[PDB]
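First comes one chain, alone, set out as C-alpha cells in the form solved without the named molecule.
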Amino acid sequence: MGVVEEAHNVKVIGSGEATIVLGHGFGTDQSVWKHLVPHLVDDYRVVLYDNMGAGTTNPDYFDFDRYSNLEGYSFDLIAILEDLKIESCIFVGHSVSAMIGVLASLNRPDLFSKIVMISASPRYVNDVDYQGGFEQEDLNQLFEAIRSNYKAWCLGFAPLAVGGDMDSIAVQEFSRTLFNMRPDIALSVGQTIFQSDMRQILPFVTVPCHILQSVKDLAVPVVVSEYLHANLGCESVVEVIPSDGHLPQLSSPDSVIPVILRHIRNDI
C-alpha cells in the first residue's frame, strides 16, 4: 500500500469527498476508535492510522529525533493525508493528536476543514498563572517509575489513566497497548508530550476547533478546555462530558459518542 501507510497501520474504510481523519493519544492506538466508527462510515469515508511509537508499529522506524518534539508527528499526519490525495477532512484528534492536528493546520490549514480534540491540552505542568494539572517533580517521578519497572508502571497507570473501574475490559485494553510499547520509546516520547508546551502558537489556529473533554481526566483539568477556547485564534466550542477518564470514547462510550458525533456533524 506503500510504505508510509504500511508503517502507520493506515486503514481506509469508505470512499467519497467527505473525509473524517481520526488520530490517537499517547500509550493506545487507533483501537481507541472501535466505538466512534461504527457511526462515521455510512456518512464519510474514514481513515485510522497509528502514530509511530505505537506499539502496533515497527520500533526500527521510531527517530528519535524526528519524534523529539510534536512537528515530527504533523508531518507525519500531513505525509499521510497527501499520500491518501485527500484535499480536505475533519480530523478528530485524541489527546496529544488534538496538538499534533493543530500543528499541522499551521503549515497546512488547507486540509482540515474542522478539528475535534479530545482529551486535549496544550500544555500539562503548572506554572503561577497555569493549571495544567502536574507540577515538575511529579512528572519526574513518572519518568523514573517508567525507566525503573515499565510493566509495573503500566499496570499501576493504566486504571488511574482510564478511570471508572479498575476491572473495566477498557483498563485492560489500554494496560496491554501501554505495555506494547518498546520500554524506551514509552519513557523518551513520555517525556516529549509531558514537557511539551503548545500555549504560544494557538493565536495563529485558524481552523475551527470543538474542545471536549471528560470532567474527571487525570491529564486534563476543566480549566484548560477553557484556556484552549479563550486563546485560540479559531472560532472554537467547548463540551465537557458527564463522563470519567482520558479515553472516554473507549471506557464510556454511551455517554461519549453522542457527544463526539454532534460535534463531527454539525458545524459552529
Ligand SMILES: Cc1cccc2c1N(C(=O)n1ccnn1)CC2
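Residue numbers count along the first chain shown, from 1. Take the two forms, find the largest set of C-alpha atoms that superpose within 1.5 Å, and that set is the rigid core. What changes on going to the form deposited with the named molecule bound:
After superposition on the rigid core, displacement of the C-alpha of residue 258 between these two forms stays below 2 Å.
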Given for the second form:
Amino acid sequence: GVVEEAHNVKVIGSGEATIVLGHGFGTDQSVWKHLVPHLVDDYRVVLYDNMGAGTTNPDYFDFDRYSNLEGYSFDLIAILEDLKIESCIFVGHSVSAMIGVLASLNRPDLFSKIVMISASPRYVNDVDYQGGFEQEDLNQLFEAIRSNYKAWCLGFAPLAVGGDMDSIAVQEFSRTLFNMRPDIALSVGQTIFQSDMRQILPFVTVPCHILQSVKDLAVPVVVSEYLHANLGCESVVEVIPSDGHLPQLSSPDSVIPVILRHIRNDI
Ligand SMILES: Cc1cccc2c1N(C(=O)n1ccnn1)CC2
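Follow the form solved without the named molecule with the form deposited with the named molecule bound, if you could.
Expanding to the full complex; the earlier chain stays at the top.
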C-alpha cells in the first residue's frame, strides 16, 4: 500500500498481541533496534517512520498537514486501519508519545496501553510549569539550524543522546539527524518544541506508562510528575537511572528491561 510504503512500515514477530513503536524527532524506527529482539517472540511488532524523517520521501511532507501534531496522529490511525489492527499497545518515543495520545483521543478503541519514553506535553516554561526551555533557547536552536545545518547536527546530537560524545549512538543519531531535510527539520523542530498538549491530558482514557531518563536535556523529571498528575487516565511513572533523550538506543542494558516490564505488565 502507498501509506505503508510512505512510512516504511514493517510488521515482524508473531503474537496474539500487537505492539506499535513510534519514534521521535531526528531518528527513525532504527531507534528501536535494541528493543525489537525482545518483542518478536511474544508480539506482532509494527514499526513505522514519521513523515519527515530522513528515511521518508520529502515529496510527501505536507507542511499544512504537519503544522500540528494531529497530522501525525492521523497518519498513525491510517496505518493501523490499513493493517486491519483493531487493538495495539503503543510505545511512543518523545513526540510519538504525544502523537499516540492525540490518536487515542480520536480512536481510544485502538489502544490498550500507551508506553511513553522521554515524553513531554510542553517544552517551554510557563507559569507554574517547568518544561526546561525558555523561548530564547528555542530561538537560538532554530537560528543554528538555519545558519549551518551540519554544524548544528554535530553539536546537538551529543547533547540529545547524552553519555560519551563519541559513542555509537551519538554517531547514529548525528547521521539520521543530518539526513533530515533541513527545511523539514526546522519546520518540525518548531512545531514540536513549541507544542502544548497540557490541555488534553485530563481527557485521556488509555492507561499510560511514563518512562524517562533521570537526566534528559529536553525532559526535566518534573515533567514526568506533571504527566502523572494531569493525565486523566490511570498512569504510572518510572524514572530510569540513565542519561539521554534516546535511552533505548544509547543505554539498552538499563533501559530495555524497564520498557519490557511496562509492556508486559498492566496497571
Ligand atoms: C534532546 C534536546 C537537547 C537540546 C535541546 C532540545 C532537545 N529537544 C529534543 O530532542 N526534542 C524534543 C521534542 N522532540 N525532540 C528539545 C530541544
